[PDB]
Amino acid sequence: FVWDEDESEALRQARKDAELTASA
Amino acid sequence: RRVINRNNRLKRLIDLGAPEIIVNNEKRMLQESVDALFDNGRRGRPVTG
Amino acid sequence: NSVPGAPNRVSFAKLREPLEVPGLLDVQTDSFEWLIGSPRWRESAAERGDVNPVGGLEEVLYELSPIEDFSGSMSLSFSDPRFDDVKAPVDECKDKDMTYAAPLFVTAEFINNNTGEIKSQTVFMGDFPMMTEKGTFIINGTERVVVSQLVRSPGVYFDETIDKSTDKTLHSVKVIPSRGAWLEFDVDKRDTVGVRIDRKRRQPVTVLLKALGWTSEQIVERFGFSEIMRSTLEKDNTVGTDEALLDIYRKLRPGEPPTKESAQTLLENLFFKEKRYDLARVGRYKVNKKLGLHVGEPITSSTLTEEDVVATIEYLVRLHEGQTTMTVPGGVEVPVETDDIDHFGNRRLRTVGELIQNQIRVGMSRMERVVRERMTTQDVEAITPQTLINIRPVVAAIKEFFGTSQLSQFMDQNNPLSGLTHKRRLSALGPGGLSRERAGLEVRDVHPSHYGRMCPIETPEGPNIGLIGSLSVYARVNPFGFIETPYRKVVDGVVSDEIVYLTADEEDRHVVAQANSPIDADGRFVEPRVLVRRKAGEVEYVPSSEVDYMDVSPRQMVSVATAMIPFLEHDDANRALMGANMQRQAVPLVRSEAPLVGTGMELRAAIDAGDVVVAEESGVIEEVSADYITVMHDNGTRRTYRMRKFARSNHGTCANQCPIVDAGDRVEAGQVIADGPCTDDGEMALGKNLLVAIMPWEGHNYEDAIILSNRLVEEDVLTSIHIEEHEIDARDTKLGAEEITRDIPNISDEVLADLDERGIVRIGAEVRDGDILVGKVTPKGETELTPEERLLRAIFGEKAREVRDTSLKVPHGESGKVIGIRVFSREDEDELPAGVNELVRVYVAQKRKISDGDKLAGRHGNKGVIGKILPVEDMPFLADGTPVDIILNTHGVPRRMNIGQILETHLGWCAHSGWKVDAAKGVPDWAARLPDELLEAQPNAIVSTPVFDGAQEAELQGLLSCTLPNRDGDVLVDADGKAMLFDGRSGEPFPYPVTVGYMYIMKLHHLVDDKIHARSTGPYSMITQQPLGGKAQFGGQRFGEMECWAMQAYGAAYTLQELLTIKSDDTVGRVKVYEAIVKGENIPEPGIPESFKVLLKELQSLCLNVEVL
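Residue numbers (full-length UniProt numbering), protein chains in the order written: chain A, 202 to 225; chain B, 345 to 393; chain C, 24 to 1132.
Derived from the structure by calculation, the hints contain no laboratory data. Any given hint might turn out to be false.
Some chain C residues judged to face chain A by a derived CB distance under 8 Å, without partners named [said to hold, decoys possible]: (1) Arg224; (2) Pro227; (3) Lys258; (4) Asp259; (5) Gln1056.
Note that the Cβ used here is the ideal one computed from N, Cα and C, for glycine as well.
Looking at chain A on its own, in the form it has when it is part of the complex:
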């Protein structure tokens, strides 16, 4: 559980959008 926290959210968009960049 030694995980801080919000890796997701952020990583989850920048992943998501990141894809979105893959739209170009």
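With chain A held as given, fit chains B and C onto it using these hints.
Okay, now just chains B and C, sitting in the frame of chain A:
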């Protein structure tokens, strides 16, 4: 310019004719480039000198 | 004391300092020196213990050197760290315009690894930046000036951190290895581990810990108590270092086949890579410093160690928890606690080589990181220690560096100390450093410590104070960027007569004794109780009986500049530092004077000008004349030691350097020889010990108003001269180039009937404004004209030529006599920039005979404009005739503070006037004490006092009572301060007694021509054709927007509008009404926002079409 190069270009293609794709490719490519005219990376990778 | 050319500005020493004046200045240099590392410094350091110090060099060398391929088969190394020698009086470069330097040789050595073989080669390296006796570096006869950027010591650093959430104290610490990345542990909210490194979420540490090999046991074991962590062993869910590791590793990249790399390599690398993972030895050093660690360990490395890692980690845990000290195994203990940025031990400072060194460092690095490159490719065999050299890029930078070295900043050669100040000047900002757009006041913030560190007071000033400064006074600074205050390290009512350079810290542990403090002549401060800063610098009282250390004097975190004016204790710091900075802005007019009063700072300060031609040998004098002087170095030995004059500042001033004595006399090294600039009788001539007095008068000393004599003129008291260099090149290009003849088109005669054979006149020649100058000229063009003309020319035979009639001509507020002749040719080999074949640069005198209105002043910040000039006569004036120097409004001081001005001035007339204690029969009590000796003042004579030490009021006052009544043994003066002159006009008596006195002041590098401008018209942005402001231009002031709003508050419309149009850039009306004007007539009524017109267009442009109707 660019454009000029293009309409001149893929235009000048026309004429000839072929698997369009090609044209599409530019075409849009143009559009784009235009847009760029409008604004740059506003969409996608902004061109940068 | 200890002063060869000493007089006596008799002072008020109520005290004693066994200590005496350091040398300041030393500073860097030493560095440099050390940086160099001279068998000097070598010796230097070398002394005072100091194991194996090193010229900031080596190191360099060894921090990389030796060398080798990646094939592990070609081995290079170095040696001959050193240089050659310059080639100039520097002075040469000075005139000769290049910079001063001396060559570098060094002798690396390659070696095969195959056979292994030999490639030494005492290679030249670089002629090099060669310092000055002013410890400086005047690039191409031109120096800036570098100060060091303050720098809180880097390292893994500590704090509590709360959470209003629960308010829990999620303490923590970072890691910050020089060049080594980051990784930090942090009191977690909920359990546990502020794990993640240089920005990586979080982990269970041990996953890293264990990751290196750590049975969850081994910890709990050594770390079960140590319970919060136990949670760590809980939620840590995952196991297998590796399992982790690799998994981590992903946490790293992320995403990558966890090769054994993942299992270790870079990991170690990561921060076991002094190859690249490379904190700071001093830190390294610190570290131990952090924690009585290995300590007994003259160490050095980036040697990261999980060891200490965890160590200080459980430090964390233990703390968050509250816990005093504790000793790790072996490692002697450490009282737990967070950290601070704020305090200064937190907080080192930088220095040349250091820099440099860094600079350089990449320099080689760079240039270095190449031979490698080439080493390889540079086939084996015949590839000499040479073959692969090219520091070029280094100096390129380096050299360069200066260019860009924004911190090197041209020595304001406006006065000496001014230049000084510049020296000692100190901040922590800029290149890589802060960007004031990011810093909490705290940056500027006060704090205890601070004392004996830098002038409390002074600082920048604009959005700028709390940002920059210098040192305090004495306390040298760490071989590692930390002050070195010695102290009255007391001992049993018997202070230990002993320096103790101190880094605040430590110390901090210790006891704050008090200078100004009555000992029983033994250390035995005669009281049982005393005060003293404490833990929080808790300036706390206490029983004398207990401290370890007192002090080193009074007055210390002071600055020199600080150190300059008494009465403080009565006066606005604001106002102060004000005057402080002020202080500098004097202007070495001409006369040379010193305040008959003034502390000791003074030339004993001034001496630290270290400027005046000043003795070199107990030699008898020798031939003398204002260029130099032969010097009977009594070893037979001599040397017509020189002396400079008439040579500009950064600010247009002579090279003057006035002598002292007599080609025959006899004296001894280090003693004076000849002043020159800010150099009254061996001493910053700095003002005018000047009567004046107290009234606000007829509204003329009102609102800053200022009422001013005149005799002055005549007296002349107020002037020097100032220096532009005067340049104008001969160029090369298209239509031809830029000739410099003397022939000219339909030029007037005399206008030419003046210059030299082929242009500009001859040295020391007078002028005015406009005044043509150069003998230039250039091809004009080729594009026809109206027959009309030509014709016209045919009409008047004035067969026009065709060359760009071109040259130079004097602008405004300009005249004097010819000087410079830096006429330097490309063509004549005189290297110069493109398309040019030569250029001169010239100068002209102008004695600035002081306008009133302006501004001057002296001490007590007590600045002062210069309102009105006023003939003598017409002037309140001694009942004994003699009138003022000027007069002085009242009012401010009250809401200001600086009355010493009063006192000091009382004083003034006093001294100026002298006296004698008629103590006679007995003692003026208040007398009964003090520099007795005085007893009197031979009406007017040298007088100093201590800073936070000097006589008192009553005394002083009573001194008032005392006297050296004048000629008619008279004293128009009152034992009171207020006499009664009358009117140099209407004349009669006054209402009531007259406060008055005297005051030396200083004069200003800031007046009209500094700023005397407007602009009718001229150039205009070839783009936004706005007033091309410029030299030739007056700029033509810009305008504000509020303003406009003002209009609004009226609505003159037009007006504004107009503007917008007009002087704005109304191409037309500009032209147009410009005409009008020209034709003077019901002006071309305001037109239309034109351009605006564009718009439209601009719009359309995008299918935008629309319209009003």
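Here's how the hints hold up against the structure:
1. About 5 Å separates the beta-carbon of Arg224 (chain C) from the nearest beta-carbon of chain A, less than 8 Å, and the hint is met.
2. Against a cut-off of 8 Å between C-beta atoms, the interface hint on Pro227 (chain C) holds, since the closest Cβ of chain A lies about 3 Å away.
3. Hint status for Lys258 (chain C): holds, given a least beta-carbon distance of 3 Å to chain A, under 8 Å.
4. Below 8 Å, beta-carbon pairs count as interface contacts, and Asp259 (chain C) has one with chain A at about 6 Å; its hint therefore holds.
5. Proximity of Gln1056 (chain C) to chain A is violated relative to the hint, the smallest CB-CB distance being about 49 Å (cut-off 8 Å).
When held up to the earlier numbered hints, the structure conflicts with hint 5 and nothing else.
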